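Chain by chain, the residues run as shown.
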Amino acid sequence: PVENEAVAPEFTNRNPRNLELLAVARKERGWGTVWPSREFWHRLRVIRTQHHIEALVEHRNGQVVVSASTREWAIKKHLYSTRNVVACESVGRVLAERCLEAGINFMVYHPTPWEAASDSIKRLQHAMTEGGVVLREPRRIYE
Amino acid sequence: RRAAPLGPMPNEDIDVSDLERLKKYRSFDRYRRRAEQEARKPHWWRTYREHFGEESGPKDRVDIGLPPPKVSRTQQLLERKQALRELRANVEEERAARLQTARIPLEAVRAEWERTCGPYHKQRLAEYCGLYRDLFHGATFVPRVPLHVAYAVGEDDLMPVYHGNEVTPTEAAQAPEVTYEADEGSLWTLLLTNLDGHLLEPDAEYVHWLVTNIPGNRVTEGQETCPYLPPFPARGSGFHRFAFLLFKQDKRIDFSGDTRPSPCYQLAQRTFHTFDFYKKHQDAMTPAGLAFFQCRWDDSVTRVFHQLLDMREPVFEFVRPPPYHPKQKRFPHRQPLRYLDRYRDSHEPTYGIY
Amino acid sequence: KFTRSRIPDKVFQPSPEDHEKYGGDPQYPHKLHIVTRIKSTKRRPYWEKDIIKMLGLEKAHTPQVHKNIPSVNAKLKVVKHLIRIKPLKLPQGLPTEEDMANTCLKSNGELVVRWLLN
Amino acid sequence: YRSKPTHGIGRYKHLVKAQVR
Amino acid sequence: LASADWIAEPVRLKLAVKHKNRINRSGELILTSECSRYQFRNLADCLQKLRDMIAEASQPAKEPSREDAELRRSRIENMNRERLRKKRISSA
Amino acid sequence: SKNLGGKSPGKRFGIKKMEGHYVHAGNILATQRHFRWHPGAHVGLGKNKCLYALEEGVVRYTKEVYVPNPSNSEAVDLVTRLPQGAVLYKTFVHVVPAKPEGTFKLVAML
Amino acid sequence: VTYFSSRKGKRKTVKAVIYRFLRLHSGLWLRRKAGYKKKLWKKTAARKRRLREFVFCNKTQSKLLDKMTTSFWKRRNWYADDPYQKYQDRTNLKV
Amino acid sequence: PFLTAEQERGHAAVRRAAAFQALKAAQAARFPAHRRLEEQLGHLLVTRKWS
RNA sequence: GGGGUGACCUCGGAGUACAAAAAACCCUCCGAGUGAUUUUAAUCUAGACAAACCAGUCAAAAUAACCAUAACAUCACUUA
RNA sequence: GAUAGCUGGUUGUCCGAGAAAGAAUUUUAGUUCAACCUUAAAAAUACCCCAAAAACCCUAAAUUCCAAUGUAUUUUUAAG
Ligand SMILES: Nc1nc2c(ncn2[C@@H]2O[C@H](COP(=O)(O)O)[C@@H](O)[C@H]2O)c(=O)[nH]1
Ligand SMILES: [Mg+2]
Ligand SMILES: [Mg+2]
Ligand SMILES: [Mg+2]
Ligand SMILES: [Mg+2]
Ligand SMILES: [Mg+2]
Ligand SMILES: [Mg+2]
Ligand SMILES: [Mg+2]
Ligand SMILES: [Mg+2]
Ligand SMILES: [Mg+2]
Ligand SMILES: [Mg+2]
Ligand SMILES: [Mg+2]
Ligand SMILES: [Mg+2]
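Protein chains in written order, with this note's numbering: chain A, -16 to 126; chain B, 9 to 362; chain C, 19 to 136; chain D, 227 to 247; chain E, 240 to 331; chain F, -13 to 96; chain G, 13 to 107; chain H, 17 to 67.
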């Protein structure tokens, strides 16, 4: 027949992002006893030191996908007081832009009950939401 | 029976006597940081990473790329400190920081990021998406020079292609435009490869647009080996990856075995292997630009399958394995009445001889 | 409680004099064990009974050839107090298919291939 | 387990005590 | 579908627009039934699906209601890629 | 005499599945009265402190670090009273999924 | 269980079994869970579901019921709109 | 010992498999024997008289 | 450790039963035959623990309402 | 020919294989299950089992699950 008509029905998709985008990937349900819960595909992490602020997006395996730190020269020469709420908001906006560029749209963020009431972290979440990146990853199809 | 510890115990360094004189942390955040930092050390007992695929721990990755731009560390640090002092000298910036009303030039931030640290972030993003594992299987490169790919959806509609973006074939039907800084003394080669979509050979990938011998930045002036072909992912198995590879070369590379005809509508001819291609052109080519994006099925793929490729649109589906059921027993004990429904072939009453 | 007895590996460390005492080869170990059950299975635990059955030593005072691998050595250590173990010696080499009927096993632990020549 | 080399790894009560001349 | 003369032209166009995902490249609309083990029930189900398609294509009061739990992700990713699509630069 | 009620049958509170056993989704891996084994990846926690696998694969046990939930005041106080070099470890039970998620089979070449 | 009656000389059967059991033609016996109507307000929802759900029997009780029931109750039944007609038979029993 | 634990890994497994398959075949060949015409027609020889 | 008398007859915790499970004594000590409060805590169904039987234990996904991110009712050694 | 959970007796040969107790009971002089065992049939993994693994204040003999290896036994079905 047509030489291009062959199909080989057993198709394998070696792309690790395929299932994570199709929302059919294997979520890591589990511990429940330790915190935070590791049931997600991408995980937002806000590390606040006395000097610098880092907003990272780590995978369930531990590898960092996209990160925005105040130690970087781009934000360092453009912004003063890398500790303040303005700094947290700028880092949030930069991370939202980088996530939109990388193509990651859904991520989880589990802050402490005391850090959730902060002023910088609230504005960071608001900026991340306004930037297009929405939290609350979709529920797994046939979880 | 007791055994000997095969290495250092975790909490054996701190002393048990006089706990009150020993300093402690009183912050759950500090304890969490300490625990997360200690969980990443190569312990000697059975850990979580070893059982859940730490990717063989350390991996001797071969670095095939350009050396880093040699910069003067002292002068760079001095200029950065001077810029920081000049910035903090302003009083208006302090007023804005106090009033929480200050903005940031995101465009300049993006430019400086692409200039100084974009390559490493793009490298780790490609590693996460699995680019090098399928392009060379043993080597990861650093995209030293940038690469801006753009598709035209109309007259004023321009869609960029970033590292891992989702661009549909509706926008990807026409040939894209590439931009990257380069002098008029070098040669470049652009290769668009589809890593997912090959129907027969899973270990092979497709080629959509291969153009070699690019004089400087003029991509149109270079001779095109293979004309541009729009993406064509399957309708069932979606979210394929398409990678734009940019190689810098020193000599005028000429090849006739890899030359594609003008129509080039044969999937058998559009069967490529980046590993073999780099083995062939390893003396001259060096990868310096990388731009990969996601692509799923849409209504425009039917046109590419029917008119261009002259094929019937194949449709797949994410079918799940059947649920496990134990071996059916003769007398099920304390099992619900539906126990016979778990081994029913079809929901039709079968009348054998009646 | 009376249970199995884990034998420490130190007891199975041969001394430089045991080789010359028992006439063993210090460099190359022997290849095949000739085992012969001496004592009975009665008044012995069920696991020892199972081991002495699975080792093919039911009929007492009948030699049996076994490997020299740690797999069977574990069971031989478990029931070492009930059998006699010798190394199989081959003065005339491995018997071929033409002398399988004229072979013999002497009491000292050797396997002669040409026995009763006419 | 007691016979394992990693025995007593969860031991923590010797680190905190919760029970002048 | 293009030769089906027992239906109206707007009905045929609406069917070709809606169910184009299951139409062969030769213009042959295909229905398939495999639920029951009886070919009679299979044909009954196929004809019922055809009747439902004819009804949904003929009734003009169809507001085309769509689900949300399965389309929220698509809408979010569409808005997010539009945020980058907003770059206005002349090309070609 | 003076002691009554001292008789009570055993609850069989123990570990059911050992490391290396191939279990399916829903199998109770280990039961317990107090927190002796904590769950991990693909291992749920019932209301009676039972541990059950959620995916089909191989059972494993690993010594890992313990970061308590910030709502548990007792554990928070214990952590805050721990010295500078103390990190709590627990025995977590995991289920490594062996079966893949799904397969892409050809439906119809339209 | 009267093995030999006095009027006809046949083998009688107990009526408690036929009142609180049901014989499928595949040999299995269906019964109700003991205690599905006693003190519902003191039991959990899962316990109430387990009580309301039907259950089967084991081989010993199956043989006991087969001995206590005569040959009449072991016949094949084709009732009009019988729910258990689907369960009267067994499928895919590789034993 | 002669060999070690890492050297004896599966060195003799085809023999175990063949022995187990032979045992399975011997157990599966269990069936009532054949009933020939001789076993039934030889019983008439008990009345073989001299004419 | 013959009966009579005394004591007990059911359920749970700890030791006896040192480390998977279970294991008795008219062996030694705790207890229970419920209170307080509000988040009034459902259906259906994978697959498992325990068990002679009866009984007891869980529980992934799917359903309607509450955040559009929980529902295992909580506490009293929570186990009875 | 009342009834007996109670006592006593129960008649030819040889061969094969062959069991000492967990749970209920006006129950411990017995009954009904389980676990063993017998008779026939199906199958295939069965015992020994190194690593590695099974808790928190100190805790022995050893335990439980598993390769390979040595043997052929084990698990269901129908009667018991
Ligand atoms: N409960 C039980 N009794 C046995 C068993 N074997 C023999 N007996 C009994 O022990 C007595 C015979 O003693 P032996 O001759 O075995 O020394 C007889 O009363 C016999 O019924 C057994 O395996 N279990
Ligand atoms: Mg007891
Ligand atoms: Mg007790
Ligand atoms: Mg006395
Ligand atoms: Mg009295
Ligand atoms: Mg059991
Ligand atoms: Mg649910
Ligand atoms: Mg009488
Ligand atoms: Mg009595
Ligand atoms: Mg005999
Ligand atoms: Mg019996
Ligand atoms: Mg071991
Ligand atoms: Mg085994």
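Don't take each hint at face value.
Selected chain F positions facing chain A (Cβ under 10 Å, derived; list incomplete) [said to hold, decoys possible]:
#1 9
#2 21
#3 26
#4 30
#5 40
#6 44
#7 54
#8 60
#9 64
#10 69
#11 71
#12 81
#13 89
Heads up, simulated DSBU-like pairs for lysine-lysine below, C-alpha to C-alpha not over 35 Å straight-line [as the list claims (entries may be wrong)]:
#14 C:95 - D:239
#15 D:239 - F:85
#16 F:-12 - C:93
#17 B:49 - D:239
#18 D:230 - F:-3
#19 C:67 - H:40
#20 A:105 - E:259
#21 D:230 - F:-12
#22 B:32 - A:105
#23 A:59 - B:49
#24 G:75 - F:35
#25 G:60 - F:91
#26 B:31 - G:79
#27 A:60 - E:259
#28 G:24 - F:-3
#29 B:78 - A:10
#30 F:35 - A:10
#31 F:85 - C:19
#32 G:75 - F:-3
#33 B:337 - F:85
#34 C:19 - C:49
#35 E:288 - E:325
#36 C:93 - C:19
#37 C:107 - C:19
#38 F:35 - C:19
#39 G:60 - G:75
#40 B:337 - G:20
These are calculated hints, taken from the structure and not from any lab test.
All C-beta atoms, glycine included, are put in the ideal place defined by N, C-alpha and C.
Checked hints:
1. 9: violated, 15 Å
2. 21: holds, 8 Å
3. 26: Since the shortest Cβ distance to chain A is 5 Å, the answer is holds.
4. 30: holds, 7 Å
5. 40: holds, 6 Å
6. 44: violated, 15 Å
7. 54: Residue 54 of chain F check passes; min Cβ-Cβ to chain A is 6 Å, inside 10 Å.
8. 60: violated, 13 Å
9. 64: This hint is violated: residue 64 of chain F lies away from chain A, its Cβ roughly 14 Å from the closest one there, beyond 10 Å.
10. 69: Not OK, violated: residue 69 of chain F not within 10 Å of chain A, min 20 Å.
11. 71: Violated - the Cβ of residue 71 of chain F stays beyond 10 Å from chain A, reaching only about 20 Å at its closest.
12. 81: Since chain A brings a Cβ to about 9 Å from residue 81 of chain F, closer than 10 Å, the hint holds.
13. 89: holds, 7 Å
14. C:95 - D:239: The hint is violated at about 43 Å.
15. D:239 - F:85: Judged against 35 Å, a Cα distance of about 41 Å means the pair is violated.
16. F:-12 - C:93: Violated. Residue -12 of chain F to residue 93 of chain C sits at ~53 Å, over the 35 Å cutoff.
17. B:49 - D:239: holds, 24 Å
18. D:230 - F:-3: holds, 26 Å
19. C:67 - H:40: holds, 26 Å
20. A:105 - E:259: violated, 47 Å
21. D:230 - F:-12: Answer violated: residue 230 of chain D to residue -12 of chain F is near 42 Å, above 35 Å.
22. B:32 - A:105: holds, 30 Å
23. A:59 - B:49: holds, 31 Å
24. G:75 - F:35: Given that 35 Å is the threshold and the Cα spacing comes to 39 Å, the pair is violated.
25. G:60 - F:91: violated, 43 Å
26. B:31 - G:79: Distance ~79 Å between residue 31 of chain B and residue 79 of chain G Cα, so the pair is violated.
27. A:60 - E:259: Not OK: residue 60 of chain A and residue 259 of chain E at ~55 Å, beyond 35 Å, violated.
28. G:24 - F:-3: violated, 44 Å
29. B:78 - A:10: Outside the cut-off at roughly 44 Å; violated.
30. F:35 - A:10: Status holds; Cα separation ~22 Å.
31. F:85 - C:19: violated, 45 Å
32. G:75 - F:-3: holds, 32 Å
33. B:337 - F:85: OK: residue 337 of chain B and residue 85 of chain F at ~26 Å, within 35 Å.
34. C:19 - C:49: violated, 38 Å
35. E:288 - E:325: violated, 42 Å
36. C:93 - C:19: holds, 22 Å
37. C:107 - C:19: Status violated; Cα separation ~43 Å.
38. F:35 - C:19: holds, 33 Å
39. G:60 - G:75: Holds, at roughly 29 Å.
40. B:337 - G:20: With a Cα-Cα distance of about 40 Å, the restraint between residue 337 of chain B and residue 20 of chain G is violated, given a limit of 35 Å.
In the structure shown, a violation is registered for the earlier hints numbered 1, 6, 8, 9, 10, 11, 14, 15, 16, 20, 21, 24, 25, 26, 27, 28, 29, 31, 34, 35, 37 and 40, in ascending order.
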